[PDB]
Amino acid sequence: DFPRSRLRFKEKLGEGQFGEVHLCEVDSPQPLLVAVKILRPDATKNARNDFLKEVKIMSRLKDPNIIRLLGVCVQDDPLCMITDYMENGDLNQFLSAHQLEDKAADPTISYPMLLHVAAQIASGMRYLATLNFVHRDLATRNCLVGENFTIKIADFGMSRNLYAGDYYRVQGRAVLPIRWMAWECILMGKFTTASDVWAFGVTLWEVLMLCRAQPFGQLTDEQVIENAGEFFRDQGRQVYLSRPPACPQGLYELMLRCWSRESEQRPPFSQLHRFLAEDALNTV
């Protein structure tokens, strides 16, 4: 554990439904920067409950490419969660500020580095699958970036105003990231490792687009939901995300397998990782 007195709050990183995140300095660990989530000023009973469960969920997760809990605060202190500061923020903003390098002749990013980024996400999901842990909301907006393009999968929740358009809302219902969701998820509301594979396909599409466009960006929420119906009825009228310019055809055919109607035919994270780390290198 860790005493709240030993933290030096420095600035504000973001706001959540039941907490808020600050960049803090630690002088006497056991100039070290860390990210700390604490209760919001208007902390409710229900919010303290969700905060404590977040700590329990996060305490399961121990992998180089998954966010890790470095510690929590002593019991009689006001509640806190401490994790590594990821200095380049979320992956969506980060990739947005880069463009594909022009090998012929603003920071840039090469195709092999994009593969490297995608492969780390795949490895993190490989780990989650071994725990039978289902993420439920994989997307570039929920990945963090550290030094040297290191990537860690996290989960900000669905409340950030910046990504409001990524979630479909109906009064009294669960909030749904429908443009990342497998057809069975949209129709029946339930999430599996196989639907995480589907979301990974979309996330891989994002990375290869350098996050310059929303998935199915020219279609409405209602058209995206109706597309799930076309997967169900299986009469060849369903549509897919198109091949990104940075994406060679061999890699795109792997993306497409992530959107197979049958869950069993979607590739496991072990195979996705192997392709991204090895096979995709002869397509460079």
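Take the two forms, find the largest set of C-alpha atoms that superpose within 1.5 Å, and that set is the rigid core. Numbering follows the first chain given and starts at 1. What changes on going to the form deposited in another entry:
Just one residue from the list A228, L52, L254, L70 crosses the 2 Å line for C-alpha shift between these two forms on a rigid core fit, and it is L52.
In the core-superposed comparison between these two forms, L241 has its Cα shifted by less than 2 Å.
Once you line up the core between these two forms, the Cα of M113 stays within less than 2 Å of where it was. In the core-superposed comparison between these two forms, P267 has its Cα shifted by less than 2 Å.
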Given for the second form:
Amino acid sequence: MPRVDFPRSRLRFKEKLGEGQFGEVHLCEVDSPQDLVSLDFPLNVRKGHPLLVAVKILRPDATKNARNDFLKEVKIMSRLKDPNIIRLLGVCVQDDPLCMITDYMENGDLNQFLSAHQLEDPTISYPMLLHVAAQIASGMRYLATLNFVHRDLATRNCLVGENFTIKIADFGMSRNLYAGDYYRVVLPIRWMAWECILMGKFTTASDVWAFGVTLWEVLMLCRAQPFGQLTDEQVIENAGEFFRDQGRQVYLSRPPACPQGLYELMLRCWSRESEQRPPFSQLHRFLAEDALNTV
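The block above covers the form deposited in one PDB entry; next, return the form deposited in another entry.
A single chain, with no partners or molecules, comes next.
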């Protein structure tokens, strides 16, 4: 927990960004940010331009548990300091409503971003795609080594900042745009490891499985839903065939842009045994070095 609250009096309401069970997210502008610039709130001020922030707000009528989940997320957010994780700029916890304030990424989520691009045969290059994926891996390595499990890694939960900087995020909002990505059994089954689906065992190993699917989205430039050839029920049945491991299961196909070695890395992310899936340190090293060095 930060010593001091960010001052609510400085948040100028622009727009409601969304909503979930917890409450809501607003886009705010920081009023006269140059006066707030300190060691405790190091803000990137640009004279003549609004400093925009996202603010996640706990509903006033929230339950004891919801309030506790929210404060747990505050404590977690306060720790995460890494170039590829969304950054906590401040909090408002003295009074209700409880708030978390983050940087605002104007390029939106990675899925929106890549969906608007096409591959360099607005364009994006294969090296840049590897750089995107390397940043996600690096963010996930940081998370894993702080003993955190994400549980919902996907391009929809990555944000694009400036100069192709990617930040892993976790919104907790219900966004109609991605409703088809979740299945009520409410779970992101197409990104989930077989053991998650069949048992509910969530681990860094299942985050690696999700990273694999996320790597596939990126290399597909987010043009198809993973396993779009399978209905939701059939995705569940497919998990059963991974457990079966008699080779009957459906694997995501090699994207056109993906060379064989990168595809086989993805395949290892989908190894039936968790311990054979590569750690994020290895995934990052392979994307930042081996894959980049063999363009």
